[PDB]
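Working from the sequences, and respecting the hints, build out all of it.
For reference, the chains in residue letters:
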Amino acid sequence: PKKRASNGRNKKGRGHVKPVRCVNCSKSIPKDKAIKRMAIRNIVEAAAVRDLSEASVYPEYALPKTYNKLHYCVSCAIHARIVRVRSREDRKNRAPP
Amino acid sequence: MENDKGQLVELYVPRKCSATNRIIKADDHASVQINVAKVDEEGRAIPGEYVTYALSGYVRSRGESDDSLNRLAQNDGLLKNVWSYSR
Amino acid sequence: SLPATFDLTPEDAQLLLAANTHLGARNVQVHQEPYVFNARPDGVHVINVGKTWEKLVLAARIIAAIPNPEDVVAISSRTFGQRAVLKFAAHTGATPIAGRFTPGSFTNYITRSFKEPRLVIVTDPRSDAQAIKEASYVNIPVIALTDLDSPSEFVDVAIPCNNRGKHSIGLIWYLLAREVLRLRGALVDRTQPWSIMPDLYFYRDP
Amino acid sequence: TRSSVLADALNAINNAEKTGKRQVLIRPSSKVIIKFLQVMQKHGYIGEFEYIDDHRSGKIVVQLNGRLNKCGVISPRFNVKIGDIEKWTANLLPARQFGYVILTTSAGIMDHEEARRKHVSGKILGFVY
Amino acid sequence: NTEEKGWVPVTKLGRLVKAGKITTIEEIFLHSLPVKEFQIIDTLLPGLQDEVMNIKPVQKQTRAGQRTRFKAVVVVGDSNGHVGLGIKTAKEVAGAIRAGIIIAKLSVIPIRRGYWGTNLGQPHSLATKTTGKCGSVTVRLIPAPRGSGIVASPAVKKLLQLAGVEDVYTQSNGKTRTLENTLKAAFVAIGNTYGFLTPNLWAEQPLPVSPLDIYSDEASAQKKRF
Amino acid sequence: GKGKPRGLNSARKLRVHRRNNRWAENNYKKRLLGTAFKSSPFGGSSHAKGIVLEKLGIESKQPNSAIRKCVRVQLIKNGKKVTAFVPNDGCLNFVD
Amino acid sequence: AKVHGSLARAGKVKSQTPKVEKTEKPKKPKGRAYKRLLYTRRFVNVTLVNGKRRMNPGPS
RNA sequence: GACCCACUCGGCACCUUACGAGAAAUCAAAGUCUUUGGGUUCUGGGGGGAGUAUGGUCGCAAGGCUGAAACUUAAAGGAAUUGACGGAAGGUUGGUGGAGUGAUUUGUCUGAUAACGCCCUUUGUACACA
RNA sequence: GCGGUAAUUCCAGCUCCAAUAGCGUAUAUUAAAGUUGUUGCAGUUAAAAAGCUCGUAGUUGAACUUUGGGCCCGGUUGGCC
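Top to bottom, those sequences are chains e, a, P, b, R, c and g.
The opening residue of the first sequence carries number 2 in PDB author numbering; numbering runs sequentially from there.
The opening residue of the second sequence carries number 1 in PDB author numbering; numbering runs sequentially from there.
The opening residue of the third sequence carries number 2 in PDB author numbering; numbering runs sequentially from there.
The opening residue of the fourth sequence carries number 2 in PDB author numbering; numbering runs sequentially from there.
The opening residue of the fifth sequence carries number 29 in PDB author numbering; numbering runs sequentially from there.
The opening residue of the sixth sequence carries number 2 in PDB author numbering; numbering runs sequentially from there.
The opening residue of the seventh sequence carries number 2 in PDB author numbering; numbering runs sequentially from there.
Hints are all accurate, no fakes.
Okay, derived cross-link-like pairs now, DSS-like style, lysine-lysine, Cα gap no bigger than 27 Å in a straight line:
#: 1; chain 1: b; residue 1: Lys43; chain 2: R; residue 2: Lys157
#: 2; chain 1: b; residue 1: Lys88; chain 2: c; residue 2: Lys5
#: 3; chain 1: R; residue 1: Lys161; chain 2: R; residue 2: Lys64
#: 4; chain 1: c; residue 1: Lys50; chain 2: g; residue 2: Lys3
#: 5; chain 1: c; residue 1: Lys5; chain 2: b; residue 2: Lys82
#: 6; chain 1: P; residue 1: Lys88; chain 2: R; residue 2: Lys251
#: 7; chain 1: R; residue 1: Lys157; chain 2: b; residue 2: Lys124
#: 8; chain 1: b; residue 1: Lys22; chain 2: R; residue 2: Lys157
#: 9; chain 1: R; residue 1: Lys185; chain 2: R; residue 2: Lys116
#: 10; chain 1: g; residue 1: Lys53; chain 2: R; residue 2: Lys186
#: 11; chain 1: R; residue 1: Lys119; chain 2: g; residue 2: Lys53
Quick list of the computed label-pair ranges, beta carbon to beta carbon:
#: 12; chain 1: g; residue 1: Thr48; chain 2: b; residue 2: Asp85; range: 47 to 57 Å
#: 13; chain 1: e; residue 1: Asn11; chain 2: c; residue 2: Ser40; range: 54 to 64 Å
#: 14; chain 1: e; residue 1: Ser88; chain 2: a; residue 2: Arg71; range: 44 to 54 Å
These are calculated hints, taken from the structure and not from any lab test.
Here a beta-carbon is modelled for each residue, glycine too, at the ideal position from N, C-alpha and C.
Next comes the structure, spelled out in structure tokens:
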């Protein structure tokens, strides 16, 4: 059974893309198929924010965040990361939440 | 639909469609028959008499039965303007 | 055929235009229906009210042709529309259904809400799709109160009206009910404005 | 490349007939197509068509009345011989008592029943019923 | 004893059938009025006999062990020109058969039977080349001359004998061993006879008035206390 | 236009394709290659007469568990070693 | 497969079974008479219960 | 220069229907095919034996291209369905009626409503004495 | 697919069925086989669309180049004559 119309995630009218290495397992996988996630976590967590903000020099100052694009290998995407396996009807649904 | 010597055989003469002239058939339940009463001066409905229209199942499925009904009733003469022949 | 009595009077037009029935759909006109008049700015398409009145007179004329008034069934899922259908059933004949349509209605017996109507009328075909589809399996013509964006599957004499709510659908229902009382009833020509008001139908506060 | 124009015309007529129309536009017309539609029009499978003029091809706007079940081309126009027409009728027509396998003779483009009485035959063309 | 017959005319056709307003089935066929009750077409024309066809078991694996049921394909008919095909599945055999017969009675369809070529006393064959499909099985029915018989598979042949189609050729494609599909295909084919314009049917009639409107006040869904 | 050429003057490609594509079915292959005459124990004939070699005890397949009692036979004409079943109940003690 | 086998049992069952004889009876009338006889037993009266009939009934 | 509105041609694909098609899954084309003809190149005919042997031809080589038989077997597969299993994820039954060509499913459900009167769900499956 | 000790499939006997002075068994072949397919197959997933393009033969290839109108002569169909 052809279990998806798309087959791989987002590749039509091309035939080839440059592969990317998975961040967790170092598996090679196409850039379109990488099930990527924009991780946008802070340098200090909500637990560490208060006393660290109190004892810092200068008022407020900044307190920036770490930005990075996480890639994955499908296997790793299901095992560790949120994604799950879904029903035939929920395979059709596209929204992030 | 006859035999050699007069005598009309071929049981049940089918209903032609008003819109496309396709034969509406025995089994087909999607088909419709609209009945419109005969108004006149002095108002009021006048029961007994009907202008009838047989819409086919296909016409209704496809979803342009409305347009066809607008056309059919107009040439009979119960709609000033409404539906333009041109487009 | 087409008498001078059953014409669009200015007062009725002024009611219609007051009610904002002439304001059509925001998004798109469905290609099945040509009842368009001037693509006005701010994303609105105005409806030919002269047609709307006429189609209404057609629907009414069809309804009046049905021998028993009890067999006709009005349907609605919009609260405004529910009120309207109840008023239509209060004034004329024709038993209504408000709220949940309760599928399996027009199909085979055994259920309590078994009705075999000669004719059916609906507020919205998108919201009451199940009713429309139900009607197709036992020779039921539908007379929907469609908009520009709405479908027209299994529908006959579809009436182009604004079907948002507030004062809109109720006005159309008022016009229908009044029309079918004028036919097969004791009311006079255009002179009489009729005792019951359009304010009676409209919406259901709070 | 439009290999047979008559074939295309017939395709258009059939699709429009199936979709439930009363009218079609067909391009780019011919003598053959016009003769064909006259043959059809004589027995009354279609209404009054109209050839417009444009300096190149010619479009036909055909008005059909829904008596037409299906009419279709027989490519390649084989060579038919006296009594082969009967065999052709048995292959593609629904019954003996009606329908027309239209065919081109040296006499002219014509239905099969007229060819029997005129006692002629030639290259086959489409059919109608 | 303490018995009673009890017809119970639910729906708008029952009362008509009981009162005896409509005598024939022709009206029903014309206006496509859906026959819900099986007792409509029974007393409307008592000459409508019957027939079976085939019984096969159908199984169903489950938690506990294995459920089993019996499917019965029951074709019913009458030698004038009306037939019904009723497929049914139930755990009992008799229950499957009776219900199948009921279903067959519910969905009856007439056949437009005509001549081969010449016109003579009494139609014998089909009017046109008809074809019906169901899955792989496409059954085609080709008109045959007088006294030629029903040249077909034993099941299809029986279906046609029930109708009162004396002389007719047949073919088929696909995996015809399954009667589940084949008889359905045949039914579809004999049904499509009336859905085909011959030249004699172009003569446009006026559209008969629906009989439901004639007797709406007389016999219909009455209120009635007790 | 359904794969194959429906040209009026293209008989060649039709007949040639068919001749190429006949090589598939059993009867056409068995006939034209001359396989009955070349190969096989009999010379494409119904009954071939033969001598014997020895009596056998053939171990039958599953599920049909038995011993079949056949004979190894050398024929007259080619003189090929063949195996041959002996019909009916008993009846292996007739032949030697 | 293996050629060796226990051939000693060849014709085991044909031997040990009891060799009784045919019973003599009244003569079956042959040809057209037989056809007549068949027609008589079939298309007269006697059949099994239900719609179906058993042409060779077992005694029970 | 950019954007918005309406139209436009050329594709990239997409979303909804099913008019039709398909055994199905599904398809705006796999549609316009027993109502079986728009033109035209290429390939297949039960599965193993075998993409093997033999022959030629191509190449420095590895291999490619073309490509059998004898013999052997009553299957092989494809799709979907019910369970069963998972070292996968999360937290009872008919009547009538629809959905399907059926297997059947829906009802007997997310926490309202195509229904009306260890256990579970979804997915994977070459198992189905599991 | 039957046969592991109750065999509706074996061995016999009773009774029955088919064809009936004729039946069975082989091997070849025709039909069914629309399982060779021109009429009339299939090629997304079941066997199968050749990596893609060029290109010679071969196959196929727009429309358009006189219809209409009459005048008579005049045979063939069926009914009053």
